[PDB]
Each structure stands twice: as structure tokens, then as C-alpha cells.
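Undergrad: The chain contents come next:
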Amino acid sequence: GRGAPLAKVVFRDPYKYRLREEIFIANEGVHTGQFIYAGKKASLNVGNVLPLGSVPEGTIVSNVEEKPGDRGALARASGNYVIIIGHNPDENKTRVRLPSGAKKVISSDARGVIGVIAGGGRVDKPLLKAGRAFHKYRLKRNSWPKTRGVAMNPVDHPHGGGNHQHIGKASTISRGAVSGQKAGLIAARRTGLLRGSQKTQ
Amino acid sequence: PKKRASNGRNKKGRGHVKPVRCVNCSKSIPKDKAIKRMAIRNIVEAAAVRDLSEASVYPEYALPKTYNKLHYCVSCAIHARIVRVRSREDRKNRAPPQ
Amino acid sequence: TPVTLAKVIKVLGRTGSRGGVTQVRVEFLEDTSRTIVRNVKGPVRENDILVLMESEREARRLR
Amino acid sequence: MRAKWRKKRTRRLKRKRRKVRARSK
Amino acid sequence: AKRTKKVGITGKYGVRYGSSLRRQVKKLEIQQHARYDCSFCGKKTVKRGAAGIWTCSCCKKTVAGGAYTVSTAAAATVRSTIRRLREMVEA
Amino acid sequence: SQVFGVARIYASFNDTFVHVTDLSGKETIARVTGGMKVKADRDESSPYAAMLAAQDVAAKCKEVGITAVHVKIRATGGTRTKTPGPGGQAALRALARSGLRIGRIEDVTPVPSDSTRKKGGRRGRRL
Amino acid sequence: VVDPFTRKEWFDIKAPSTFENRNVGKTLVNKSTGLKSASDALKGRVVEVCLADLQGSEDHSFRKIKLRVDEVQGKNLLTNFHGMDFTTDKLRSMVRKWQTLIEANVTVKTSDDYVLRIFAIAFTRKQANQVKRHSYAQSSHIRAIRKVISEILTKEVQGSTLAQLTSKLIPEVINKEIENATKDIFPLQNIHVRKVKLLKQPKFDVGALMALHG
RNA sequence: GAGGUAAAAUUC
RNA sequence: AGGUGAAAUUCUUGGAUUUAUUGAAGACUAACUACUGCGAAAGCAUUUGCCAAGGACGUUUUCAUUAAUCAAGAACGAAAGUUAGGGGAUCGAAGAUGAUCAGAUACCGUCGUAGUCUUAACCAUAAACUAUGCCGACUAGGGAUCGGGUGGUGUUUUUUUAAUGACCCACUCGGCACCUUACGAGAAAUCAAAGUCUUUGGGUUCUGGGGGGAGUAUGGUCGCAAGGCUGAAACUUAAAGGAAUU
Ligand SMILES: [Mg+2]
Ligand SMILES: [Mg+2]
Ligand SMILES: [Mg+2]
Ligand SMILES: [Mg+2]
Ligand SMILES: [Mg+2]
Ligand SMILES: [Mg+2]
Ligand SMILES: [Mg+2]
Ligand SMILES: [Mg+2]
Ligand SMILES: [Mg+2]
Ligand SMILES: [Mg+2]
Ligand SMILES: [Mg+2]
Ligand SMILES: [Mg+2]
Ligand SMILES: [Mg+2]
Ligand SMILES: [Mg+2]
Ligand SMILES: [Mg+2]
Ligand SMILES: [Mg+2]
Ligand SMILES: [Mg+2]
Ligand SMILES: [Mg+2]
Ligand SMILES: [Mg+2]
Ligand SMILES: [Mg+2]
Ligand SMILES: [Mg+2]
Ligand SMILES: [Mg+2]
Ligand SMILES: [Mg+2]
Ligand SMILES: [Mg+2]
Ligand SMILES: [Mg+2]
Ligand SMILES: [Mg+2]
Ligand SMILES: [Mg+2]
Ligand SMILES: [Mg+2]
Ligand SMILES: [Mg+2]
Ligand SMILES: [Mg+2]
Ligand SMILES: [Mg+2]
Ligand SMILES: [Mg+2]
Ligand SMILES: [Mg+2]
Ligand SMILES: [Mg+2]
Ligand SMILES: [Mg+2]
Ligand SMILES: [Mg+2]
Ligand SMILES: [Mg+2]
Ligand SMILES: [Mg+2]
Ligand SMILES: [Zn+2]
Ligand SMILES: [Zn+2]
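Residue numbers (the UniProt record's numbering), protein chains in the order written: chain A, 53 to 253; chain B, 2 to 99; chain C, 5 to 67; chain D, 1 to 25; chain E, 2 to 92; chain F, 11 to 137; chain G, 20 to 233.
Certain hints may be false.
[Stated by the list, open to error] With a Cα cut of at most 27 Å, we get these calculated DSSO-like pairs of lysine-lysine:
{"hint": "1", "chain 1": "B", "residue 1": "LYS19", "chain 2": "F", "residue 2": "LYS128"}
{"hint": "2", "chain 1": "F", "residue 1": "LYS72", "chain 2": "G", "residue 2": "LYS33"}
{"hint": "3", "chain 1": "G", "residue 1": "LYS151", "chain 2": "B", "residue 2": "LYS12"}
{"hint": "4", "chain 1": "E", "residue 1": "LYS48", "chain 2": "E", "residue 2": "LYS27"}
{"hint": "5", "chain 1": "G", "residue 1": "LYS174", "chain 2": "G", "residue 2": "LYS151"}
{"hint": "6", "chain 1": "A", "residue 1": "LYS60", "chain 2": "E", "residue 2": "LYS48"}
{"hint": "7", "chain 1": "B", "residue 1": "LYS13", "chain 2": "G", "residue 2": "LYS151"}
Just so you know, the hints here were simulated from the structure itself, not pulled from any lab data.
The whole structure should be built from the sequences, with the hints applied where relevant.
TA: Written as C-alpha cells, this is what we have:
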């Protein structure tokens, strides 16, 4: 269910003699037996997790946290990364660049592992047959196949019905609608083929 | 026929150097093909230097000069009276006219 | 409106498309150390006192 | 006429001709 | 003896699946099933495990990498970046 | 004895901007353009409309108290004709005679290491 | 409709004590009322003024100093050094035809945490009794001259403060030290300190600003 | 060493 | 306010245009830039580092002719265009509008995709022109310049005289070139090469045989496509074309 491989990075408990084994997300370039460092005073090497208040600008990191304590929220899929584009010494803020392109500022006390996540180029191969789409999606949920709502009955989808295959009304349904109406393009600011740019954010 | 020697420019064994843009009509042209006029001027005119010496609060002051290098294409250096068509024997004169 | 007089000290020549505008460098009678070239219309000799409606105006070449 | 727009005249002549030839094979 | 003219490895699929799709699959199955070099033992004994797992046949080493290659072009500019920044910390 | 300011005469084609500002540059006082004085939309770069625009600025500086000024001639610059218009020499002469005190004339035309390809096409503008 | 000029209040400019003739000019700031008062409206305003007025001499009429406002006390603001920039008419009189232009840059921090980038322009000098006109460089001395320049520029800076660097640019002491270590390489002329701008200020140390005014 | 400048105008 | 020869479209107390403080984004490398450099060509102008490559010069070093030119074939090959990602500030084929005009699908004005940028592949044509194959020898004078080297009763920088570097003079190679000439060559324009050619043989590769129809038809091959390469006939005409003078 994940394009990225895991990692059995095992730690030691500093308060009782045992071996606590944890599961990370494997970056690209790590290997079995690498000394993975975890701390604020740790060095800046690929595979180590560091707080964002102790790294300079431009460090390509991943598995960055929103708030310090949620054990890894943002940038977890295969082949993704965020870019620290600026710091703030006052009130310990750190401005990062999310993979969607959303420049959002977070706390400097949040953590993040150095480097891009292993598994890049996964969606660059044409997943040709439906059998490869079957064995992919049967390990996730019951969301495959996807029947077109025009082809089904008027009781089954708001677009279906009629003597032809047509929607009938506008596919742009507002955000302030209720369930049962939210089909097609939910609250679209723009529609049609992208013949412009990425001017804002 | 071949009325000239380099025939358009000052390129001697290079093939291609640099394209530049004209200032009068925004025409793309090679740098050695576009003629050059280092049109050096004073920042004030000859008639505005009398009233500026009376309005100056400075005892002595050095007059600035606006230096600029601007290029012309062939089509907008002949319509504007910059260069003129010459006789067949006087093409070879490469000295600046005084 | 104020009136400003000017005496002709030097004449340049005819400048225009049809040839009816003369470039004349006049010198003011209230200031004997400052001159402004003006464009006139009619027959102008030297040492003629003209009446200028606008005091400060630099004359260009008409085309 | 100009030797470039006679060339493009024969160029679109080729695309129109081999398209009729390809739909009869 | 080169038997197929241009399809090579994607000739297993046959006539189906289009032309421009199987050309892109051929690009990511030559690199996928390739025998790569190991950074540790030096021998060309690297076999692909799962999607992202790159094991080695000798010395039993396993390096996490890309989905269809060992080191993609995205991580090639990451490691060169950390090489530059680490020299400024120690100097 | 003399309070100072900067004038920043933007002498482009088909308009002349004259607005005297302070030494910090934040505050602007007495903005008069060339198009305000003539109802033609042709003589906006004329030397006549630039002298009436410059004397309107200096008639308001007498009300404020600005007696001296550090004028700054400026063309359009960038990827443009980078040459001051006809109303630039007219603006320097007008506000100097009107009563102001001129100090340190200079030029602030923006001239880059050229980029951002110049408007007009490759083969050029023509008529 | 009301005139805003009664609302505006005059505030004089007082330059620091790295030179003479402190009085620069006056500004116009609105009265100290509520809704973004005058004290918060003077948090940084550069004043691009040439140093030919504060020095008196006219041989330095091509060097402009930026003065950023930092502290206001008793209807009187205090300022600090922000940057140095040459006038545009001087560089155009520097650059001539038939000579080689050499520019060099370096990023260097002072004794305190002032991150500033200085620029250095230097040209080739046409030697006496020379027949040829251009006297171009060998285009490998330029790599060697700018190695000497970038060593001297990181010697005056990173060996002194900003006030020891501000009061040194006016007697052109750096420009003489470049000439004293380049004449064994190539004959140069017109060595200058063309730009310097501050990239980051460290703190709100009042004791370094009040020590420059008294 | 600097010194003005673009309307339209097709055929026998 | 924008704009043009003149205009209108457009933006404007929603306070535009302008002014200052910054910040982000890509692109490009002005002035210096030169009858100047390098590369087989296309081409290549910010700094520094790394990685290799090359010409010229110097050489009382080496191998011993290992060479010269080139069907088939291979590498590279501006721009535009194609496929898949990232970028997408300007400019901007299509297109929409504003004028001009008898008409204006245009020139001009404004806005704006594809494209311009980059990675990974393709395509591989240009007025890809110096419209001038390459190798070798000989024939004529002159002033410059680039790169290397050798001589000076040299100049300057100098700490104590130096040594270098820069510069000057003289000479010699390898350059990009230029000027004056015609013994020579050409139909002439012109050319140190297009010269040493009826007093027509240095080695060698390619192309052309009146103008059209044809760079078309068909066949083969290459390419994802647009296309590239190879390439006629029927028929028709007696002129087409070059240089120069009035
Ligand atoms: Mg994942
Ligand atoms: Mg699903
Ligand atoms: Mg199902
Ligand atoms: Mg579906
Ligand atoms: Mg579907
Ligand atoms: Mg479906
Ligand atoms: Mg049904
Ligand atoms: Mg229906
Ligand atoms: Mg349908
Ligand atoms: Mg409905
Ligand atoms: Mg969009
Ligand atoms: Mg001709
Ligand atoms: Mg070429
Ligand atoms: Mg015909
Ligand atoms: Mg059919
Ligand atoms: Mg257009
Ligand atoms: Mg014309
Ligand atoms: Mg440059
Ligand atoms: Mg061949
Ligand atoms: Mg290309
Ligand atoms: Mg774009
Ligand atoms: Mg159109
Ligand atoms: Mg119309
Ligand atoms: Mg159309
Ligand atoms: Mg149009
Ligand atoms: Mg060809
Ligand atoms: Mg050519
Ligand atoms: Mg040819
Ligand atoms: Mg000779
Ligand atoms: Mg001869
Ligand atoms: Mg024939
Ligand atoms: Mg052919
Ligand atoms: Mg064919
Ligand atoms: Mg065929
Ligand atoms: Mg393809
Ligand atoms: Mg074909
Ligand atoms: Mg025939
Ligand atoms: Mg004739
Ligand atoms: Zn032009
Ligand atoms: Zn191994």
C-alpha cells in the first residue's frame, strides 16, 4: 500500500535495558547497517533526522512534522521532499516549501529526516493491463473499478439518465452544497485544460 | 553580385558571434553588423547652462555627461540621417568624416 | 498678461517646410546678458524690438 | 512567385495526396 | 543472434498495449532488470528486490533506492548538495 | 539655511513626470504631469507642457518651504529606448528659473545587463 | 478636503560621527497620534546622498552614502551606515574603448556579524612611450590580479569593525593597497570600491549606535 | 567633442 | 495613466501611473566587445573550483614513413518541430480585439497560449555562405595585431643592485586579416588568390551538361509524426541566366 520501502531502524531505551525497534520510511541512499543518528546536535548527513531549527536554508529533507510530537506527518510518499526556504530567529518559525507548491511556515522544533524518499519514478511507468491495476488496488481498498456516473441509473448518480450519455447540468457543484450533490468538480475555481501557468503559490 | 568584401559585418572567420537588438525599431541584428554611435552628450543643453549657474548653490561644480552606447540596424540608419549611400569608389574609405 | 520685449541681435535663416518661418536669436531688453532663439514669421531685420507673449520658450526646427 | 511559398504549396500537396492514398489501401 | 528487430524485452506483450506505451515500458524494464554495480563490494552483483529495494548477491548488502534504478536523477543533486553544505560546516 | 529634496524628473516618451520627494524618498509632494496641462494627448512630451508642469511644482514648494532640490533626470530604461524625451531639458530649465536652487544634477536611468527580450519581434517594428 | 501638510511634522537628519557636517536635511512625518504613530513609521528610511557635502571637498562628488534611520529621540532621529554606491555618470566616464575591464566581488563578514558584499573595479593603464593603443590584458593575469584583490579585501574586512571600515573608504586607503601589490603583475588604473551593501544586521545593540553619536 | 524623425497612394 | 504618424481598445478614490522599503520567480550575461580570440563545424562572453581534451611555440628526445585524399558507414550538427517530467519572468507562430483601408483574415496598438528555459530521448534540414573541397610546392611589396620563442649600449616598477611583469626596438615561426598594385587570371565585377591553364598533366574526392515540368511521380529506406535521403518519364519552349554600360 506504500510505494516507499520501510526500515527496521532499531534503537535502545535509555531508561531500561531493552531494544525498542521502530519503523521509519527509507530514504534513497541508505543501506542496512548505516548508523542513523537522531537528535538536535547530530550532524547533517543523509538518513539522519534533525530538527528544522538546526539546519540551514536549502536542505532537501523529508518526513517533516507539522507540530513537534506527531511523529511524522508531511512528505511521506515515495520520491517526495520539502525545501526549507527561510528561517525566523524570533518565535522559532521555519518557512518550508511543500511538494504541492504551498509555501507554509511551521515551527523550528519540528523534526525531519535528511534526503529524498526512496521509490521515485514509480508513476513514470505505464501500468498497462487492468490486472496490474487489480493487484495494486486490492491491497489498498475496494475503490476499483470506477463506473462512470453517466452510464448508471438516475437513482445511482445525479448525472445518469436520459436517452443519451450526457451530464445535463454543470459539473461544478459549490462547496456549500450538501452530500448527494457533490459530484464531478467540487467547488472548482477554474475548469478546462490548463493553458496558463502556476502564477499564484 | 558581391559588391563588398565581408559583405555585411566585421566577422573574419567565426561563423556566428552575438545577436543584438536595435534601439529605433527593435530589430534583431548581429553585433558587428549593426553600426555603432557612441552618442556622448552633456546632461544639460547649451542654452540651459546659463540659468543653471545662477541657480546653483555650489561655488564650482563639474558638469555631468550622459554616456550611452546604442546600435542601429541598416534600415533605420539610412532613413534617419546617420549614414548615406556613397559612390562606388568612396565605399572603401573607412575613416570617420570630420 | 505681462509683456516682454526682445531685441534682434543675430538672425540664423529660414527653417520650415514651405519657407516662411525664420530662426532669430533675440536678446531681451530687461536682461542684456541672456538670449533665447525664437521662431518668427514675418520680415525681421537686426536691431528690431519684438513683443514676446511667452518669455521662456526654446525654439526648435520645424519640419 | 516566391520559391518558399511554392515549396510549401507542394508540401501541403504531399500531405493531402498521400492521405487519399492511405485510405484506399 | 538478434531475433526481434526493435521491441526487445517488451515483445513479451505481443501486438497489444499500443506502441508508445510499450516504448516507455521498455525504457523502464531495461533499467529495472539490469545487473548493477555495488558501492560496497565493487562487484556487479546487484539484483532488484521489491519496488525500492536493491539487494546484492554477495556480502548480503541491501541499499534502498529508486523504483526502477539504483540512483535516480532526483537524488543525484541531493547528495551533491549535502557534499557542498558539509564542507562549509567543517570549515 | 537651505532645506533639500530630490525631484526625480522621469522624462519618457509621450509623458513627463515631475514630483519632488524628500531625501528619504517615501513622501511625495506636488505631483504634476505633462498631460494635465494640455488637452491634446499629443504634446504630453512637448517642451511647452513640461515647463508648465515644472512651474506648477515649484509654485507649491514655496507654500511648503522647499527652497532647494536635487533633480534627477530619468529615461524609461530597461528594455526600452533608454533616451530622455524632449521634456527633460525643458523641465530642468523651468524650475531652475522659477526660484528653486539646483544642486548635484545626475542621471538615474535603469540600464541592466540586458535580458527579458525586447518588445517588437525579431525582424523589427515597421511602418 | 483638507491639506495634509499641517498634519506633517518636520524631522531633521543627523549623520553619525565618521565625518564632519552632520546636518543633511529634513523629512516630513505625520504627527505622533494613534493608528501607526510616527515612531513606527521611521523604522528604516534610506537617504541616498553624496558625501561631497559632508566632506566639503569636490574631489569626492561620485560617492553616495545610504543612511538608514534607526532611533528617534526628542524630535530628532539618529541614523546609521546602510550602503555605499557610486553615481551613474562616473562609471560611464570610467569605461572607455580599447581597454580591458576587470571586476571582482567577494562575500566577507566583519569583526561583528555584518554580512556585506564589496565590489572592486579596476582598469588597465596605457603605459608611457607605448606605440600600440589598446594595451589589453593577457586574460590570465585577470585571474591572478583578482586573486590578489580578493586577498586584500578580506584583510581590511575581517580585521576591523564597520566604523573602522567606514572611516577608511574616504581616504581611499584600500585603493592604495591594491596598487601596491599589483604593479609587479600588470600596470593598472582606476581602482575603486564601487559598491557595498549590508545583507543582515545581527541585533538591537543600542550601545553601538549611541557610541557613534555621543 | 552633441544639434530631429515615419498618415493613406490600387490597376492600364 | 498606457499608446501611436494621429488614435481608440485597456487600466483608474476599488485611489492607478509614479516614489521608497523589501521579498519571490525564472531568464539573460549590457557597457568593457576590438577589420580581435578559440573550436572540425553548428557554435562559444558573470565568478571560482573540479574533471579531461587541443593548437601554436620551444627541443642536439623518440618511433621510422607509420602518409595524402576519400564510395559504403559512423560521431557531431543553429533555429523550428515531436514524446515524457520539471519550470513557465519576459517576448510571443495560432487566436481574440482597437484603428488604418474601397475591402485589411495584414503592417501598427493591446492581451495571450504553443514555444522560448532545463532533464531524458528523437528529428537532423538553413543564404549550415568565405555562395570559393582538402593536402603539397612556388610566385610581391607594405603597415598593423594575436600566441610562443630568441637578441637588446633599452624604458618603467625597486627594498640595496637585482630577478620577473608591463612596454619599446630588431628578428623569426603559427594565426584572423588588411592595404597598395597586375607580371599573371577572368565574360566582367573582381582575385595573393579564383595565379603559376592551348607556351593547355603535383596527388586526390564530389557535383553540373539550355530553360521548364521535378526536387514532382513511383519504388526502396530512415523517422513517433512533420519529414530526410535516393530519384525519373510523358509533354512544352527557344530562350532562360551572369557581369557591365547608357
Ligand atoms: Mg510513502
Ligand atoms: Mg483506491
Ligand atoms: Mg470492486
Ligand atoms: Mg473513470
Ligand atoms: Mg479511470
Ligand atoms: Mg471508468
Ligand atoms: Mg443503463
Ligand atoms: Mg443523466
Ligand atoms: Mg457523452
Ligand atoms: Mg443537480
Ligand atoms: Mg493554472
Ligand atoms: Mg543588388
Ligand atoms: Mg552561420
Ligand atoms: Mg506558370
Ligand atoms: Mg475506411
Ligand atoms: Mg503582434
Ligand atoms: Mg519603409
Ligand atoms: Mg558581463
Ligand atoms: Mg558519404
Ligand atoms: Mg535545437
Ligand atoms: Mg510561458
Ligand atoms: Mg492574428
Ligand atoms: Mg477589422
Ligand atoms: Mg484568422
Ligand atoms: Mg495584429
Ligand atoms: Mg543541403
Ligand atoms: Mg555570410
Ligand atoms: Mg552549397
Ligand atoms: Mg606577403
Ligand atoms: Mg599577377
Ligand atoms: Mg538540361
Ligand atoms: Mg536530392
Ligand atoms: Mg518518395
Ligand atoms: Mg515513396
Ligand atoms: Mg515518438
Ligand atoms: Mg516517406
Ligand atoms: Mg527538354
Ligand atoms: Mg544603371
Ligand atoms: Zn532600427
Ligand atoms: Zn555487494
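Undergrad: Are there hints from earlier that the structure breaks, and if so, what are their numbers?
TA: Those not satisfied come down to hint 5.
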